[PDB]
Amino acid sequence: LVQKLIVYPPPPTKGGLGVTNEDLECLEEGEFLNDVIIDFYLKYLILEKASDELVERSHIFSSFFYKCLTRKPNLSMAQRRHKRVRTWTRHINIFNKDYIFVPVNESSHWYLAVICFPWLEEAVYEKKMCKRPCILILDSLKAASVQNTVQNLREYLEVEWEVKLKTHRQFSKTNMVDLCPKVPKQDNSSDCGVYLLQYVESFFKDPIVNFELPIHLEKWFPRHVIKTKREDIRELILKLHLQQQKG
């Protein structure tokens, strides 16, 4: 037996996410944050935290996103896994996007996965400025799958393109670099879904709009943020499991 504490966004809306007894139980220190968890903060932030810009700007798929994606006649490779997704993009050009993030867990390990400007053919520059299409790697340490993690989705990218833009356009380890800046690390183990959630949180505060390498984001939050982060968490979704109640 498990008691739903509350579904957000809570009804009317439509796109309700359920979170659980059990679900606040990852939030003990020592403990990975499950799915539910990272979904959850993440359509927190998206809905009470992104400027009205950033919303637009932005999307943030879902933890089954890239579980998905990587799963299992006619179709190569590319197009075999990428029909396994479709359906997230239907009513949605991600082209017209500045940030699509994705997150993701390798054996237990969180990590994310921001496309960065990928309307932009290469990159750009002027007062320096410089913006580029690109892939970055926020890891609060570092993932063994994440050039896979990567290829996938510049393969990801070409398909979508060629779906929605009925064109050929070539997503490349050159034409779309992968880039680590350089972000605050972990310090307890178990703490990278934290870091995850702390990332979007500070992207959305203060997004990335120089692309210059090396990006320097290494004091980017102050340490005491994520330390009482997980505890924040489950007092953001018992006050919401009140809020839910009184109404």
Contents of the next structure:
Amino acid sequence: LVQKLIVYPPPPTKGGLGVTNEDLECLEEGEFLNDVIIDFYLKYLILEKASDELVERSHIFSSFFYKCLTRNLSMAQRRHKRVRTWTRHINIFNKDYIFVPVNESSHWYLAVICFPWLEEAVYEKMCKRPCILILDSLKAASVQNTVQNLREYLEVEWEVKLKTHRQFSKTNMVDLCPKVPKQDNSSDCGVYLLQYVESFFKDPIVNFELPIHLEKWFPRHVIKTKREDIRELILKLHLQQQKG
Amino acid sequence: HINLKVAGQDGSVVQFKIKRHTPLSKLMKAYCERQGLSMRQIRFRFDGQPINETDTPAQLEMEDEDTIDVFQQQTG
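Same protein, different condition: the form deposited without its partner chain was shown, now please give the form deposited with its partner chain bound.
The next block holds the full complex; its first chain is the one shown before.
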């Protein structure tokens, strides 16, 4: 008998995500995180941990956005049509950071589209660049394909919403892989994805000179207790939601 | 009455007729049944957002020929 521990955010708020005791099973050591835990915690970060400036300049896609994208018109237009309504009330070209959780071949990693309204690097004396950051706790073979799919999503989203032709290429939106803390086992990819987003909100990347050193982005103890911390957070929210 | 599309991961699309104020619960159950899975295994999303059994097309402000996306569980 599966029963829902929490709905986050809880009603009356629309768009709440159900988390069941079965979803809590994936937080035990050695288990692969599932999409419910990822999507829950990323919504928790934006609703409770992100600064108010970061919320306004950021957008976090559902973990199904990239899977849906890659499930007359060109092939790029055909992919975009599948997710065209997922930005119904969002102008991603007015955001600084667009977060895309990627699950390819049972491995989580994170793409971050940065300053898509810029057309070239600018220094004022920090360096901000239009680019796609790949934040990966292991190594994913599909990275170049992901980056090209995201450039092609941006081109079609731009043409559809801004109604001019704008190219997004390697020279215009370079792909970068910051040096981030890496995994030591075979099952914590999803926990690192969540930690990368958490640490980005606490300490956003604002200098894009390479290499981007993030080796000390967060301490070791926070990642070693994250599974338990997330589980304890869900249990605390469960008791709160029992009261109302 | 409006028509809604349910688009699955295998490229298929299934059409449903539903009244603007009927909760989505029975369309979702009919969909899980007709393709053989449980509610606990299928994620329903509209414009990329979670959809709950309580919600009605009116409250989600759906229009005729809108699409609900369905996904199976993801792990990594």
